[PDB]
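Take the sequences, apply the hints, and build the full model.
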Amino acid sequence: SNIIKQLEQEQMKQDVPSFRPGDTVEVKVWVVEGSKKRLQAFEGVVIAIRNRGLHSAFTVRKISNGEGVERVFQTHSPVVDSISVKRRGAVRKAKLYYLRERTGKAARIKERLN
Amino acid sequence: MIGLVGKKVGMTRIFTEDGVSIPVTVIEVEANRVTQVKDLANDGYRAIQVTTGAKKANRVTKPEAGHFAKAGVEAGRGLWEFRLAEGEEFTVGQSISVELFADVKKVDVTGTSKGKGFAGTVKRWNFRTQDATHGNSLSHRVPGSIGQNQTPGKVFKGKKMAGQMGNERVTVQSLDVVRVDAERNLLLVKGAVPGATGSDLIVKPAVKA
Amino acid sequence: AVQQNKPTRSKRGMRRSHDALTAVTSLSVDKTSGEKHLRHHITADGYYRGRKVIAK
Amino acid sequence: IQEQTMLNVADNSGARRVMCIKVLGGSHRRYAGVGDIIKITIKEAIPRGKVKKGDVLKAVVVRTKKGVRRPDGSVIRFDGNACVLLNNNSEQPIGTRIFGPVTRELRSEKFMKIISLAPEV
Amino acid sequence: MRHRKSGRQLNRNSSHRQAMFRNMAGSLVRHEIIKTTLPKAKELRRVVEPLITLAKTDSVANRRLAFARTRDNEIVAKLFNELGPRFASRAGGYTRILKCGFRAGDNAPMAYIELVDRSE
RNA sequence: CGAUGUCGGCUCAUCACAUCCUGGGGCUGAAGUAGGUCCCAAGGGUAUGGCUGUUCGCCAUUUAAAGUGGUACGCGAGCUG
RNA sequence: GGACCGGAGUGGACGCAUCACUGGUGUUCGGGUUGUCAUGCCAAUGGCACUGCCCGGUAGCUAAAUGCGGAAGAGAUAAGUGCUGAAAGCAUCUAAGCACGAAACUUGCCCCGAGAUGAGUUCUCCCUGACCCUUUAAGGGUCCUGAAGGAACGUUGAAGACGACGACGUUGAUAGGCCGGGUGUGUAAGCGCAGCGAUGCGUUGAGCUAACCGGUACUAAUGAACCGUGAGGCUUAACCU
Numbered sequence: 001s002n003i004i005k006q007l008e009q010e011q012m013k014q015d016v017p018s019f020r021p022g023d024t025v026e027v028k029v030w031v032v033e034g035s036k037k038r039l040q041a042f043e044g045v046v047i048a049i050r051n052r053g054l055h056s057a058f059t060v061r062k063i064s065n066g067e068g069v070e071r072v073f074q075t076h077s078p079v080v081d082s083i084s085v086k087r088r089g090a091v092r093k094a095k096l097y098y099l100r101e102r103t104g105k106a107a108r109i110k111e112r113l114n
Numbered sequence: 001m002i003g004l005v006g007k008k009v010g011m012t013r014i015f016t017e018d019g020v021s022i023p024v025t026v027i028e029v030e031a032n033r034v035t036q037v038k039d040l041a042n043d044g045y046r047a048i049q050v051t052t053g054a055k056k057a058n059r060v061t062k063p064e065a066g067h068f069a070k071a072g073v074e075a076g077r078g079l080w081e082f083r084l085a086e087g088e089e090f091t092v093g094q095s096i097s098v099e100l101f102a103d104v105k106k107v108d109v110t111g112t113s114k115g116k117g118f119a120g121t122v123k124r125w126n127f128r129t130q131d132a133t134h135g136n137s138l139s140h141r142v143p144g145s146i147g148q149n150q151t152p153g154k155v156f157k158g159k160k161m162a163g164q165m166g167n168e169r170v171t172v173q174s175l176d177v178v179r180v181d182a183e184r185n186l187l188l189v190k191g192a193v194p195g196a197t198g199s200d201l202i203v204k205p206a207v208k209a
Numbered sequence: 001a002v003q004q005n006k007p008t009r010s011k012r013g014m015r016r017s018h019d020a021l022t023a024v025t026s027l028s029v030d031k032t033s034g035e036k037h038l039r040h041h042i043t044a045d046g047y048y049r050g051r052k053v054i055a056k
Numbered sequence: 001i002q003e004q005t006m007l008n009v010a011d012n013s014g015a016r017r018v019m020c021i022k023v024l025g026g027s028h029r030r031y032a033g034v035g036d037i038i039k040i041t042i043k044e045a046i047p048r049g050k051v052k053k054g055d056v057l058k059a060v061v062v063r064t065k066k067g068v069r070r071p072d073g074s075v076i077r078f079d080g081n082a083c084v085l086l087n088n089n090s091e092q093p094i095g096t097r098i099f100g101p102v103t104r105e106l107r108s109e110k111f112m113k114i115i116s117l118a119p120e121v
Numbered sequence: 001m002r003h004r005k006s007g008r009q010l011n012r013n014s015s016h017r018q019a020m021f022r023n024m025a026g027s028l029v030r031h032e033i034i035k036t037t038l039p040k041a042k043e044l045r046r047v048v049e050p051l052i053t054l055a056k057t058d059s060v061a062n063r064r065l066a067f068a069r070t071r072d073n074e075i076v077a078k079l080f081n082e083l084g085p086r087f088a089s090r091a092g093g094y095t096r097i098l099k100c101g102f103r104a105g106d107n108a109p110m111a112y113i114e115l116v117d118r119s120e
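Protein chains in written order, with PDB author numbering: chain P, 1 to 114; chain D, 1 to 209; chain 0, 1 to 56; chain K, 1 to 121; chain N, 1 to 120.
Worth double-checking, as some hints may not be accurate.
[Stated by the list, open to error] Pairwise CB distance ranges (calculated):
| no. | chain 1 | residue 1 | chain 2 | residue 2 | range |
| --- | --- | --- | --- | --- | --- |
| 1 | P | 97 | D | 137 | 25 to 35 Å |
| 2 | P | 38 | K | 21 | 53 to 63 Å |
| 3 | K | 30 | D | 27 | 24 to 34 Å |
| 4 | P | 49 | D | 71 | 52 to 62 Å |
| 5 | D | 30 | K | 112 | 25 to 35 Å |
| 6 | D | 171 | 0 | 40 | 38 to 48 Å |
| 7 | P | 49 | N | 30 | 39 to 49 Å |
| 8 | D | 158 | 0 | 40 | 40 to 50 Å |
| 9 | K | 72 | D | 207 | 23 to 33 Å |
| 10 | P | 106 | D | 142 | 49 to 59 Å |
| 11 | 0 | 40 | D | 118 | 26 to 36 Å |
| 12 | D | 173 | 0 | 27 | 50 to 60 Å |
Simulated from the structure, these hints should not be mistaken for lab results.
In this text, a Cβ means the ideal position worked out from N, Cα and C, and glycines have one as well.
Right under this line is the structure:
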């Protein structure tokens with residue numbers, strides 16, 4: 001009856017920050033190369049979806065040496081621990097899948113009121 | 001110490017939603033009991049059958065109500081019969097036996113299927129469609145040839161053509177390791193709970209498959 | 001796409017074994033006005049179960 | 001990736017565009033785009049590269065637009081398909097330096113040299 | 001196949017379905033009674049009573065939304081003046097489907113669809 | 001001859017084993033990896049392309065393998081010309 | 001140079017299931033915009049132009065996504081290798097006996113499956129009233145009673161071409177609606193401020209939002225009525241006749 005929709009809430013991460021699409025975000029990702037376990041930094045413009053439970057993720061595009069790399073990170077996965085919103089961007093669309101294609105272009109900055 | 005399984009798998013199964021089921025004990029107090037005990041007189045084999053769920057006790061038919069009415073009237077929704085081991089007596093041992101080392105190794109899975117209607121010959125078995133533009137008068141997704149001219153003179157019995165797919169049963173096995181927990185020292189039983197409700201029961205000897 | 005022998009009157013009337021009209025086999029009598037109607041239908045004078053649902 | 005796929009090259013010795021002529025490993029293997037070996041020809045080359053136009057040799061796919069799925073469900077998608085040129089018999093990289101990002105699934109057997117020469121893993 | 005799917009396409013296209021439904025909602029709100037077919041009646045209530053529950057809160061924005069649907073200012077005026085507060089205490093179910101006899105020109109299951117009004 | 005539509009391809013196949021691979025043996029100029037021949041075995045699997053309409057054939061490259069035949073040289077009230 | 005035998009993982013092709021993820025589609029969700037017409041006009045909306053062109057996108061379906069699987073075993077064996085052994089005082093795998101031996105056979109695994117007319121078994125439920133003609137286990141008609149259950153009819157479904165098969169039918173969450181959420185689009189209209197104006201800023205992550213999730217009788221699921229009976233043949237064998 002009043003039971004369901006809580007098994008996905010047992011393993012949430014309530015320490016996540018809130019971000020809009022268009023900001024350049026920093027994602028620290030645990031990686032295993034052997035006995036040691038280090039961190040990886042991923043920067044770039046986020047093309048996010050909002051919280052579909054555990055099944056929520058955000059798409060980040062970075063350009064290393066000429067071509068873009070898109071990485072979608074599952075929000076509540078244990079390998080993603082910390083997100084920093086960093087510079088906050090102003091765009092109209094929820095999905096920046098076409099503005100990500102163009103080169104040398106950066107979105108405008110808006111820091112006051114989200 | 002010596003002690004093993006008997007007429008026991010479990011008493012509680014919860015409605016299917018996803019099919020992975022990482023376990024956590026939830027706090028809600030309900031009562032469940034074995035109601036079904038068969039009669040003794042007119043049979044040469046002594047068989048026992050299980051049930052699950054709950055019915056309204058208004059749409060239960062009087063034959064089914066009388067079936068459930070032997071030792072307490074609590075009805076369910078389904079019935080499944082199995083073989084003979086010995087009989088029916090109380091075999092309850094002492095308090096605490098099996099906490100030492102031998103918990104679990106694996107589990108098994110069981111399922112059923114979904115109705116896709118009068119499916120086509122490309123949907124049902126993975127047929128190849130002919131080329132849609134180089135000519136192809138009305139033969140893009142049609143079945144092609146179904147036989148071999150005169151000396152058969154007929155189409156064979158196990159032939160793949162268009163019909164209803166779905167509304168059948170399926171069965172699979174062998175789920176694996178997903179994650180471990182060690183630091184908090186909790187008692188764990190492991191496995192994805194098997195498929196949709198409507199399963200046939202797992203009555204098995206030691207692990208063969 | 002055509003026959004080679006004429007099908008018989010037996011086979012012709014035997015294909016029509018399932019082509020028979022089934023009846024309603026029961027009507028319902030409205031408590032207010034004693035006329036009969038279909039199940040879950042207006043009594044063709046403006047009555048459902050207990051009220052005159054149609055003024056016309 | 002598939003047969004008749006135009007691909008860029010990461011290594012310096014491999015020169016500009018290469019095209020996949022056969023998808024190695026398997027009978028009717030259609031699509032192999034993560035760390036698999038593919039037979040290529042060179043469709044357009046610069047004279048600075050050691051290889052020349054029309055030379056058949058092997059490659060390994062390094063970047064793909066389809067993208068590899070991580071175990072947690074993460075997908076790393078690269079814009080444009082890339083390969084690193086290898087010898088036909090020894091299956092070792094001809095190119096001295098690797099350009100661009102590489103993925104951590106290119107760690108098995110002879111590709112430790114590729115990820116060691118590569119900047120970003 | 002279709003699973004978990006809503007909306008009956010009524011053997012006609014999307015633009016015609018929307019136009020039929022605007023005209024039907026206007027006719028229901030005007031005359032308080034409609035004789036129509038049974039699937040048309042079911043989809044008719046499924047698109048009419050959202051308007052009546054929009055019409056409880058009298059605002060210019062809600063008049064403009066209730067004018068983006070059904071496109072008749074007499075209908076928006078009735079729906080916010082007389083309907084609305086007449087159905088303010090109700091929580092859903094502003095329509096009633098009573099089935100009548102089959103149509104003469106074609107065997108159509110016909111149905112009177114009407115509100116929960118009173119005569120006087 | 002008061003009409004049995006002719007190749008190849010596509011789609012779909014089925015059978016025989018005079019067996020391509022996988023399986024079990026013998027012999028060998030079988031030291032091992034690798035081969036050759038013969039016996040048993042038809043359960044399953046048994047390529048993508050450049051050339052011209054091709055069955056064929058040449059070639060690039062792959063695969064453990066790219067079998068030989070019958071089925072109106074299978075299949076036009078299934079398609080192509 | 002390079003091992004059979006025996007284990008461990010990881011792939012290609014194939015098949016099944018699923019929609020948790022990655023995606024695709026989503027003409028019924030939202031937004032940007034061109035041309036034009038209309039709502040009296042400004043504003044705001046709607047209609048046509050492939051859904052006007054696009055941009056995203058819920059459910060459902062889906063693969064390119066994910067989970068699994070073809071085994072291990074057992075019996076009888078083909079080729080072959082054998083033991084004991086005479087016929088044929090030696091020999092010999094065979095004639096009497098016996099033991100191995102493969103993806104083939106029969107089971108093992110998974111589906112249909114008592115129309116298996118050889119129509120099977122188990123549990124439960126329901127019916128234990130009269131009269132005439134009797135061309136006689138006889139068999140027909142009349143009155144009463146017509147159960148268990150089914151069918152019909154409405155609400156319908158992740159079931160479906162139609163049937164069928166599930167769920168519900170007022171001691172009711174079955175379907176719509178309504179309420180709250182979630183998702184999706186992306187700061188609605190109105191008003192105010194700045195600017196000559198386009199437009200920008202605040203109200204404001206605003207407003208709309210489906211098929212989704214939890215709750216609710218507001219609407220439709222009415223009570224009849226229909227079918228189905230009234231103890232179920234003859235012989236033979238076990239407790240009194």
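What hints, given by number in increasing order, does this structure fail? 1, 2, 3 and 5
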